[PDB]
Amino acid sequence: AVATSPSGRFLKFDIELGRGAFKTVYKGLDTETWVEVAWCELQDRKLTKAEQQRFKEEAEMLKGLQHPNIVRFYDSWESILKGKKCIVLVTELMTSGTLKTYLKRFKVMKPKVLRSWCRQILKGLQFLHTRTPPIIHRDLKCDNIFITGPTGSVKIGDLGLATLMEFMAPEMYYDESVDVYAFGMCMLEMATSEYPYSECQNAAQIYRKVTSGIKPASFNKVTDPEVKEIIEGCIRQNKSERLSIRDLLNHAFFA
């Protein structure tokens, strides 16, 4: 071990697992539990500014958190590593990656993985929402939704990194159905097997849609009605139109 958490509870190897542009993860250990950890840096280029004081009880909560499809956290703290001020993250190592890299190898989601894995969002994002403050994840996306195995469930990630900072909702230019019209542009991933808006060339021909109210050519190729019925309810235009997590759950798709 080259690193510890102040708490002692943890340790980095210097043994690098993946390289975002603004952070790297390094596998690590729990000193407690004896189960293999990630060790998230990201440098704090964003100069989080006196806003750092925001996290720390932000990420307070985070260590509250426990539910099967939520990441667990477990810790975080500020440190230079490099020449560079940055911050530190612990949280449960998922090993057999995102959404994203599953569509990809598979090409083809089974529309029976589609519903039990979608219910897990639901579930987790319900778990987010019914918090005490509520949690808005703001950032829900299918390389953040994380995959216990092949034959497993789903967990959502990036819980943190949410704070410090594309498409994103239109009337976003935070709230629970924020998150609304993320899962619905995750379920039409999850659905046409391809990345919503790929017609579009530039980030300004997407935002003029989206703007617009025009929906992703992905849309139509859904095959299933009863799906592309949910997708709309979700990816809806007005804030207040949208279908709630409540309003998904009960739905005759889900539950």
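Positions refer to the first chain, counted from 1. Take the two forms, superpose them, and find the largest set of C-alpha atoms that agree within 1.5 Å; that set is the rigid core. Compared with the form deposited in another entry:
- In the core-superposed comparison between these two forms, the C-alpha atom of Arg246 has shifted by less than 2 angstroms.
- A movement of the C-alpha atom of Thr151 reaching 2 angstroms or beyond is seen between these two forms when the two forms are aligned on their rigid core.
- Core-superposed comparison between these two forms: the C-alpha position of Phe219 differs by less than 2 Å.
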Second form
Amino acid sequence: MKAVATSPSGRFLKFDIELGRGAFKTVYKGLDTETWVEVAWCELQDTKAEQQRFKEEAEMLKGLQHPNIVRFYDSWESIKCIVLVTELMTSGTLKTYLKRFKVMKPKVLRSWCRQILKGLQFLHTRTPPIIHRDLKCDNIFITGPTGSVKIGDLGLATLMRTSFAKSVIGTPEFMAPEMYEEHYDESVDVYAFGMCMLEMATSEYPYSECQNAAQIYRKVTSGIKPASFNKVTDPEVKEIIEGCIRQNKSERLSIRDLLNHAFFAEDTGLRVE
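Starting from the form deposited in one PDB entry above, please write out the structure of the form deposited in another entry.
What follows is just the one chain, with no partners and no other molecules.
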């Protein structure tokens, strides 16, 4: 198996083995010549100010270390495309887990949600803060051993140097209504986490009844909840989801409110008043 590309630092190789393909990202099999452990050689679809901004953001993502965040090895612009090297995750995501077991056990849902919340609190407390802008169950990877989860797919993330981000990107099912207004903050990762928790409690894509991305845009910007919202059996999970997907960003719960919620700590014994 001869390698077909090499990272600029000379550390990572690319193999012509496609593992997955999405709307803008193709996952190849890569190798870390320092350790000979395989990595993920991901290739994404690509002014000078944005190019210089890109070099600084990659250097900060390159320095992140947190047990609930996939390691960001390197990234650069190639020849028309953006290469992104991260950990080759091989235990499946929370989407493949939901697509397999259909029902997620309540204790499993809370344990993984708390780790996701700790992963989001890490990005939001960086200097400058980092918005994921693409949180969903397929960007949350199960890690061995002990089955801890890490947030990955930082290809759409931004460092918050100003007060607000503007670019309208992400996955429509998980995008906050103010994202289409080109003026939003880190509250969109809470909104997407509300849809992640909705996906884990219903085991389907939110707004699956919509025909395309425009219908999702029309419903969300009108303050209409997805049809799977009223299918949530656990009232505690339903109220938390409602507290995250609120149409007004200023009314939504915060990460600290979620991390301190009495729901994510009920696995200490019986449910008592």
